[PDB]
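Colleague: Residues per chain are reported as follows:
Number of protein chains: 2
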Amino acid sequence: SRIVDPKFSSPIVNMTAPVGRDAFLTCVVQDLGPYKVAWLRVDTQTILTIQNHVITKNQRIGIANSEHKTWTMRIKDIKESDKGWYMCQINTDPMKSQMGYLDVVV
Amino acid sequence: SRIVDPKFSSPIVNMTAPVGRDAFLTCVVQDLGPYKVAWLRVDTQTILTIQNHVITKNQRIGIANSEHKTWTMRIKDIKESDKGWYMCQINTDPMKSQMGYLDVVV
Ligand SMILES: *[C@@H]1O[C@H](CO)[C@@H](O)[C@H](O)[C@H]1NC(C)=O
Ligand SMILES: *[C@@H]1O[C@H](CO)[C@@H](O)[C@H](O)[C@H]1NC(C)=O
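Taken in sequence, the protein lines are chains H and P. So the first sequence is numbered by my numbering: it starts at 1 and just counts up by one. So the second sequence is numbered by my numbering: it starts at 1 and just counts up by one.
Worth flagging that the hints you see were computed from the coordinates, not collected in a lab. Incorrect hints may appear among the rest.
On the chain H side, residues computed to face chain P include the following (Cβ under 7 Å) [as the list claims (entries may be wrong)]: (1) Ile47; (2) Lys57; (3) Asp93.
C-beta: ideal position from N, C-alpha, C; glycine also.
Just need the whole structure built from these sequences, with the hints factored in.
Modeller: Here it is, written out as structure tokens:
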């Protein structure tokens, strides 16, 4: 039995934030179902989170969701090196994703 | 206490295979410890596996390991669109990774 793919309800909300403040990036998914939402950093090619699990060893990354639709990654105490592109990816076949950015102003 | 990072014992052996055969890529890691090995398709940064869990919906992907040292991703019944670069990634900080290539000949 085939099920619908999840669909993104809105584009990724980007964030601009000063060094040392906390940053958030949010992905809004409709009809997630049995699929999973993963955050990745695109510059560094690094897996950050999958569902409610932080994969990276970086202790400043957190992840939370409400109703499996709004998925918000937290980057605690941001440094200048956190500036870059971040992907919200769903494990459909083919894979679907959208990208946002965190800008760290100096 | 700090622990060692895992280290790759050898490069990933590439593989060339004809359409319809099974293919394998192997990543050999030393001192994995509490860290995790993930396989990704580099073209799109599609998360394929994490540890012994297949993340992608693609039912032709499999993962196995022996003693948390040798990590082997299998691609069953390969197609031309399986040709490309694959990354073996460890969730250290900073992230560590090796890449291999699956060439599919028609
Ligand atoms: C975030 O930035 C990208 C390009 O910089 C843009 O396409 C996207 O729509 C932005 N997000 C929002 C919510 O506007
Ligand atoms: C794998 O392939 C790449 C290019 O296809 C090559 O440069 C590299 O040396 C190969 N790795 C090994 C271990 O042979």
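Colleague: Does each hint fit the structure? Answer for all of them.
Modeller: Status of each hint after checking the structure:
Contact between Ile47/H and chain P, as hinted, is supported at the beta carbon level, the nearest pair being about 6 Å apart and thus within 7 Å. The restraint placing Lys57/H at the interface with chain P holds, with a minimum CB-CB distance near 4 Å, inside the 7 Å limit. Taking 7 Å as the C-beta contact cut-off toward chain P, the hint placing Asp93/H at the interface holds, the least distance being around 4 Å.
Figure legend: structure checked against the earlier numbered hints; every hint is met.
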